[PDB]
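In structure tokens, one chain follows: the form deposited in one PDB entry.
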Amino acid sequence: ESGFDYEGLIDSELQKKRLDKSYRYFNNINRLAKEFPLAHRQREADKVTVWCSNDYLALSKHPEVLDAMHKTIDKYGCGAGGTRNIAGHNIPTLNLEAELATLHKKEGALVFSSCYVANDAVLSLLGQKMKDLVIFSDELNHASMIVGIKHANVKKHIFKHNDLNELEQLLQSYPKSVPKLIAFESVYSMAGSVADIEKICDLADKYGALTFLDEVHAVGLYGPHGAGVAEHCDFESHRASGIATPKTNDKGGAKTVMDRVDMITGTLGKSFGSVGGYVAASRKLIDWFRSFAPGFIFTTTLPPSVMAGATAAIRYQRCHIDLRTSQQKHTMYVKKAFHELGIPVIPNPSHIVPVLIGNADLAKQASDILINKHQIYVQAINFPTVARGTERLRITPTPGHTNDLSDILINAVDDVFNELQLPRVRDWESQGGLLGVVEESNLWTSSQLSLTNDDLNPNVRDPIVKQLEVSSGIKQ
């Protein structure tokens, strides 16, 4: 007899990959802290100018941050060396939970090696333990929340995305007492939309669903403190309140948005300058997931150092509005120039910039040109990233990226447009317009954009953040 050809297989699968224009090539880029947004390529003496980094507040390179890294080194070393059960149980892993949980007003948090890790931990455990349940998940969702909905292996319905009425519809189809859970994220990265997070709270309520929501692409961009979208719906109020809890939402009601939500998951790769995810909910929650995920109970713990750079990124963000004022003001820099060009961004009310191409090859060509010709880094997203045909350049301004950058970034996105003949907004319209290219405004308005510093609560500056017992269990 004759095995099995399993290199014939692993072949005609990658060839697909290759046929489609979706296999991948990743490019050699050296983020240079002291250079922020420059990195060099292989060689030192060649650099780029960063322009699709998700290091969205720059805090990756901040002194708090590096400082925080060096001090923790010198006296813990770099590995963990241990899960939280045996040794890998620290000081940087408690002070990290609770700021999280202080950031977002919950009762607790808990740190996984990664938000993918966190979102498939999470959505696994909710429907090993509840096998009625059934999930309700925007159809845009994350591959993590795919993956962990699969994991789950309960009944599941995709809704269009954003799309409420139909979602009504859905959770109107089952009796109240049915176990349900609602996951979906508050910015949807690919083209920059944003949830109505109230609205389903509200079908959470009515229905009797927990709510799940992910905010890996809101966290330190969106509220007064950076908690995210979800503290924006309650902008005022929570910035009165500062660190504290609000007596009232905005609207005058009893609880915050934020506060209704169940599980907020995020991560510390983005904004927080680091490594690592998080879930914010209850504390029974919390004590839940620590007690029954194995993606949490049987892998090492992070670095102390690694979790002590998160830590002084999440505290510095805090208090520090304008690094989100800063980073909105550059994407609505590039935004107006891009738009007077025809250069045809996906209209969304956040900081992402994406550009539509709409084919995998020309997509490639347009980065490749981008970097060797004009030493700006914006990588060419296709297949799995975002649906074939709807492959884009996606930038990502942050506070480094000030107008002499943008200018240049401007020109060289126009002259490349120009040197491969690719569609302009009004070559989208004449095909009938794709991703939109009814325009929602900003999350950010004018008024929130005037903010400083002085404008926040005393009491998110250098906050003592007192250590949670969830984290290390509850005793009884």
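Numbering follows the first chain given and starts at 1. Here, rigid core means the biggest group of C-alpha atoms that superpose within 1.5 Å across both forms. Compared with the form deposited in another entry:
Residue showing a CA shift of 2 Å or more between the two forms (rigid core superposed; candidates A87, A387, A143, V178): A387. Relative to the superposed rigid core, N28 undergoes a CA displacement smaller than 2 Å between the two forms. Once the rigid core is overlaid between the two forms, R43 does not reach a Cα shift of 2 Å, moving by less than that. With the core held fixed, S450 shows a CA shift below 2 Å between the two forms.
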Second form
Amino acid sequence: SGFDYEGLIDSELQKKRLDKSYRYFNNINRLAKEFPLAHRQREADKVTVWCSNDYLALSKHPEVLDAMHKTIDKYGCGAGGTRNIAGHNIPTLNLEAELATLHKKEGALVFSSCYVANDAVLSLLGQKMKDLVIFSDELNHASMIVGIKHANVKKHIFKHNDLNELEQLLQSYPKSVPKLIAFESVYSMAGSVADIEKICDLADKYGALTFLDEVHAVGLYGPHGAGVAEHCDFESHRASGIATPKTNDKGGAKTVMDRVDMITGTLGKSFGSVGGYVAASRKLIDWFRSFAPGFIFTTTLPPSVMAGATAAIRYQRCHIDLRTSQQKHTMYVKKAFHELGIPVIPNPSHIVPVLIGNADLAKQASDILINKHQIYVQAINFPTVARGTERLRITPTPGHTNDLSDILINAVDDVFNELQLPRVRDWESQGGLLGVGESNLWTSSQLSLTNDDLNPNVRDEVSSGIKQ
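For comparison with the form deposited in one PDB entry, provide the form deposited in another entry.
The next block holds one chain only.
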């Protein structure tokens, strides 16, 4: 009689096993007193973590931990409500104010996660403008893909960073048609970067809104870690600090960061906590707040988790040493790999993707690294990346000092030898792949700045609704 629900689930699972995309999770317990070590199942088995997105190691920062401990003593664990009922509070007000200050926007709105933030904003735009056309970069994150599907409007996918194709799509609509350009600043799987300035120019010309996911950039780019949008006018922002610059880096009236309509970020990476946000105009923020179901009808994040994020954001804002440090640690690993002929996918960012080119060998490498060498690096396979371009993702932080880097370099070299993995010159002979075998965002001048080169002012209503 009845539909065979068990059989459908059995064979859907078995499909994932045969194509070998069935994932086994790793028991990884990060130690706050011993960054970036972690223990496995037993506390005795420790490993060095080289694939975390705790990019600035702020998850274990004293000011973050102190903020949590002190906030727990006063507020407890849960918020005990939503923003509409019993879950609106000062830690929330401070976190939203910080995020708005960071991107120098009129307002910011916090959600459970950036996944939720992206889904909420993209959903709402498409639901309230049925005529909207969304232009989405090929390599956008799952959350943006889902948000665009949920938007339920027309969409065009442009080839990765191909702004010719973007302009061709934009041009084919009248100017009066509402449009959204949705893209990331830094793409995490090989560390490519968007030309935000040129996209804003396109948006001005064809009358589009811009939606920029800076998830892999906040903390990391710009003098204050406000992202690649800030970095685009690095000197203007560094000179003005907290304040809006009088001009951009070309003497024009508005910065790239000012011109982007909507910037989303996470609290769960550089900022060492959990949560997501969008920063935008007062009007946009009030709009999302008043209509987004994924904002309204869910428990507010714990006060302590917000306090933690807020401290992480305040601290990194005026500690450019975090960024120069991380950039230097990255360059150090990249350069060492280059000398050993360990194939790194070239990129101008903080990520170190090591090309393997085979799913099995990458998984096998991952395993030997953790079991033989106590190095935790994750293998990236289909469908995150194209089949044949599988890789190890390595993400250095300020805490990966050169001693730790040396151990990694030696370990990776050993594994390449053990499994007879291709070196750079083996890729060269096959015509190259993704840059391997055939210009950093951080310049030398920028990398030699210290905290003394920041503006003193970076040291020390829409969130609630507006009356009418």
